[PDB]
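Novice: Single-letter residue listing:
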Amino acid sequence: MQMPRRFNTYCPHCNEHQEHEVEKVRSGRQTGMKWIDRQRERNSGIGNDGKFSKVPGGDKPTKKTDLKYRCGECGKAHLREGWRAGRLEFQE
Amino acid sequence: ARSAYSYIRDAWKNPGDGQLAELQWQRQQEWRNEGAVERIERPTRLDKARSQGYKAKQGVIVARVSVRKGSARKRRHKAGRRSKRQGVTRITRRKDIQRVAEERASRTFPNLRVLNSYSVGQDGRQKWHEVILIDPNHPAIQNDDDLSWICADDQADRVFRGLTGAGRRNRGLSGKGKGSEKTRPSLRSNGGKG
Amino acid sequence: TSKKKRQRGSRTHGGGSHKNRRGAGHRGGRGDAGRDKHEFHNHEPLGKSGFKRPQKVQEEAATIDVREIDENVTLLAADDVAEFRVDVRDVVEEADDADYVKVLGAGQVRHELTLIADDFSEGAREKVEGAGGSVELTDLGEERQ
RNA sequence: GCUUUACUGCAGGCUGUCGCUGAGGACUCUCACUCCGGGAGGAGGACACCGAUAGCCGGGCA
RNA sequence: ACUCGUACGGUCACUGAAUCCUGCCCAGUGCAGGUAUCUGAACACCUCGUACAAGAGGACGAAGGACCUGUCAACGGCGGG
RNA sequence: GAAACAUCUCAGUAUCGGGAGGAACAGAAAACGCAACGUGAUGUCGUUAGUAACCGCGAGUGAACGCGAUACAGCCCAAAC
Ligand SMILES: C=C1C[C@](OC)([C@H](O)C(=O)N[C@@H]2OCO[C@H]3[C@@H]2O[C@H](C[C@H](O)CO)C(C)(C)[C@@H]3OC)O[C@H](C)[C@@H]1C
Ligand SMILES: [Cl-]
Ligand SMILES: [Cl-]
Ligand SMILES: [Cl-]
Ligand SMILES: [Cl-]
Ligand SMILES: [K+]
Ligand SMILES: [Mg+2]
Ligand SMILES: [Mg+2]
Ligand SMILES: [Mg+2]
Ligand SMILES: [Mg+2]
Ligand SMILES: [Mg+2]
Ligand SMILES: [Mg+2]
Ligand SMILES: [Mg+2]
Ligand SMILES: [Mg+2]
Ligand SMILES: [Mg+2]
Ligand code: NA
Ligand code: NA
Ligand code: NA
Ligand code: NA
Ligand code: NA
Ligand code: NA
Ligand code: NA
Ligand code: NA
Ligand code: NA
Ligand code: NA
Ligand code: NA
Ligand SMILES: [Sr+2]
Ligand SMILES: [Sr+2]
Ligand SMILES: [Sr+2]
Ligand SMILES: [Sr+2]
Ligand SMILES: [Sr+2]
Ligand SMILES: [Sr+2]
Ligand SMILES: [Sr+2]
Ligand SMILES: [Sr+2]
Ligand SMILES: [Sr+2]
Ligand SMILES: [Sr+2]
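Chains as they are written, first to last, in the deposited numbering: chain 3, 1 to 92; chain M, 1 to 194; chain L, 1 to 83, 89 to 150.
Be a bit skeptical, because a hint or two may be false.
[Said to hold, decoys possible] Below, simulated PhoX-like cross-link-like pairs (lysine-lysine); rule was C-alpha separation at most 20 Å, straight line: (1) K56 (chain L) x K34 (chain 3); (2) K56 (chain L) x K178 (chain M); (3) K51 (chain 3) x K84 (chain M).
Everything labelled a hint here was simulated from the structure, so no lab data went into it.
Please construct the entire structure, taking both the sequences and the accompanying hints into account.
Specialist: Spelled out as C-alpha cells, the structure:
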C-alpha cells in the first residue's frame, strides 16, 4: 500500500471535511532538561543501575508506519495508529 | 577604624595574591621539611586565631599540622565484595582533613584539648592547619572566665567525639532547620543516615 | 473450644500434606512477590499516574449540607431567630482550622433561613431562597470573582 | 572451584585535561619540585611526582 | 623484594642431555611498529540560548581503533577438487 | 528479600578503630513558612503518617512543620572604643 499525499478525510476538530496531508513523524531530540537526564546520574555511581545499565532492545520483522495528519486550512495535526509496513510511498 | 587585625584577615581572603603569595611560596619550603605536628610560638593568622578563641596566655598552645593530600586511600576487597562495594580510588571518607588534623594534634598533646583550627595553605599534595589547644590544668586557664569551660571532665578528648566546631560542622549540625533531620541531635542517634 | 484447641492430634493442623506448610515458596514468594507474574491476579497494574500539588498549596474547605442545618434549627436555641438567621461558621465542627466553610445544598429545607457562610453551592441557594429565605456571603467569600 | 571473544563492574597500564606551577604552536629560563653529591656543588625542571577528571585496554579480580 | 645485584646481569616464558635436523603459512588471533587520511572523551574555545543555569550547534583533537608493515623456537594451521 | 539477579533490600545492621560521662549528644535561629496582625533554644513522648518523598516507580524505603505533652533558662567571645 502507498499513501495519497493529500486525501479528503475527517478530524477530531472542526466537525467538517477538508484535506489532510501525510507526514512520517520526524520526531525530536533529547531535551537534556528532562526527568531522565537527572535520575540517570542519581541512579548510578559505582556498580550497576538496572534500567540505566541496560541497553536498547531489538525490533519486529517490520516497523508500523508512525504518522502525523497535518491539515490544510487549519495547520495542526493529531495522532492515529500505525501499520506494520516494510516501507511506504507517499505518492506525490 | 580598621583594626590591624582586619588586615591580616583581609589578606588571607586570597592567599595567592600579593605579599601573602610570596610568603607561602617561601614558608612552605620550610614547612614541607617540618614534622607532621610542629608547635609554633605564634599563630600565623592572628585575627583568625583570636577570633576562634586564641589568647596570648599561659596554657594556650598552637601547632601546625600537615596531612597528606588527596581523597581516599581505600583497598579493594579481600573476600567477594561486589561492584557497588569495591571502593579504592573513586570514593572519599566521611571526615574532612581539618578534623584529621585536629585529631593528630590532640594526640601529640595527650593533655591538651582542642579549641579550634584553621587552614594555613596547601601545596599540591598536603594541607596545613594550625590547631589551638588548651591546658585544662594550668590555673592560668582554670581562672580565665572565657576559657575555664574547657576544663569539665566531659570536655576530655572533646575532639575525638566530634565536639570541635569543625567537628560539628562536619556532623551536619550547622543548619537548625531543613535538611538536618537525620543529623541533630546525634548522627549515631539517627542510625547514621546523615 | 477454639479451632486451634482441637488441633492436637491432627498432625497437619489443617495444612494438608505435611509437605505444604514449609517456607516462603508455599506463599509464592515473600511479601508482594511476583505481584505481576504468578500472583498478578488483582494487583493494581504497574505504572505512574497523574500528579500532586504541594501540600501547603491545598485548600481544605469545611462542608455541611443544608439538611444538617435545617434539621437542627429549633434545637439551635443558642442562635438567631430573625423574622431564622444563622452564621454557619459557628455551626460546623472542625471549622476553626478549615481553609473556609462551604454550605452544600442537599435535602429539604423546611424553613426560612438566613444562612451566612464563606461559600454556598449554586443548589444550596435555590433550596434556600425557594424556602422564602436569604443567604449571605461572608466578607471572606467576597473573593468570588 | 575453574574458563572465556557470557553480563556487569574494580584494580591496573596507556592517554588528554585541571590543580601543584614560576620568569622571558614552536622556544628560552630558573625559583618551586625530583634525583646525584659528605660537601661545595652537579643533573633535571615547571616536565616528572602526587590530588582530580576524561577516553582505550582491562578474567589480574569480583 | 630483586639489590652488598648491573647485560658474561635477572626478569618472563617455552623446549628438555649429547648427536642429526628443525620444512611451508602473518589470512584470523596476539604482540610490536608506523600511519596521508578517517574515527576518537573531557576541559578550555567560538555561535546561539538563558538578565544566570539547564541547553543547541561548531571548532580542535590524545591514547586507542581504521589502515600499513614486522613477527610462528606467538596462539595455531599444513585441506577439497 | 526481590520467589533468578546487577540498582535496590538485608543495613548504616554484624564486626572493627578512637573517646566521654553518671548519663551522653543537642541547644538559645543566617529557625519555622497551619504565608500569618502567626510561632519563638534543645532533646524526648503521643500524633501528625505509612502521610509527603524515594524506588529495576519492582520488592521495598520513608521524614518534617504543626499539635498535645515532659522539662524549661538562658548566656559568653572576636571586633569597634
Ligand atoms: C521498544 C523498546 C524501547 C524501550 O521501551 C520498552 C526503552 O525505550 C529502551 O530501552 N530504549 C529506548 O531508546 C529510545 O528511546 C529511549 C528509550 O529508553 C532508553 C533508555 C533505556 O530505557 C534504559 O537504558 C533511552 C536511552 C532513554 C532512549 O533515548 C532515546 O525498552 C525496550 C528496549 C523495548 C524493546
Ligand atoms: Cl514512520
Ligand atoms: Cl581534644
Ligand atoms: Cl493534590
Ligand atoms: Cl507556627
Ligand atoms: K548483595
Ligand atoms: Mg527496559
Ligand atoms: Mg635519596
Ligand atoms: Mg570470575
Ligand atoms: Mg617432560
Ligand atoms: Mg533471592
Ligand atoms: Mg538523644
Ligand atoms: Mg522482578
Ligand atoms: Mg534507608
Ligand atoms: Mg520543615
Ligand atoms: Na543527589
Ligand atoms: Na589530648
Ligand atoms: Na545523608
Ligand atoms: Na506442613
Ligand atoms: Na490548627
Ligand atoms: Na568446587
Ligand atoms: Na596471520
Ligand atoms: Na598438526
Ligand atoms: Na528467591
Ligand atoms: Na545464585
Ligand atoms: Na532503587
Ligand atoms: Sr541521588
Ligand atoms: Sr557506573
Ligand atoms: Sr522476527
Ligand atoms: Sr583521656
Ligand atoms: Sr488450613
Ligand atoms: Sr528454615
Ligand atoms: Sr506480566
Ligand atoms: Sr480540632
Ligand atoms: Sr597478523
Ligand atoms: Sr522555653
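Novice: Run every hint past the structure and note whether it holds.
Specialist: Verification of the supplied hints:
Taking the CA atoms of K56 (chain L) and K34 (chain 3), the gap is near 25 Å; set against the 20 Å cutoff, the hint is violated. Our distance criterion of 20 Å between C-alpha atoms is met by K56 (chain L) and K178 (chain M), whose separation comes to about 16 Å. Note on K51 (chain 3) and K84 (chain M): the hinted pairing holds, with a Cα-Cα distance of about 16 Å set against a maximum of 20 Å.
Violated hint for the displayed structure: number 1, the only one.
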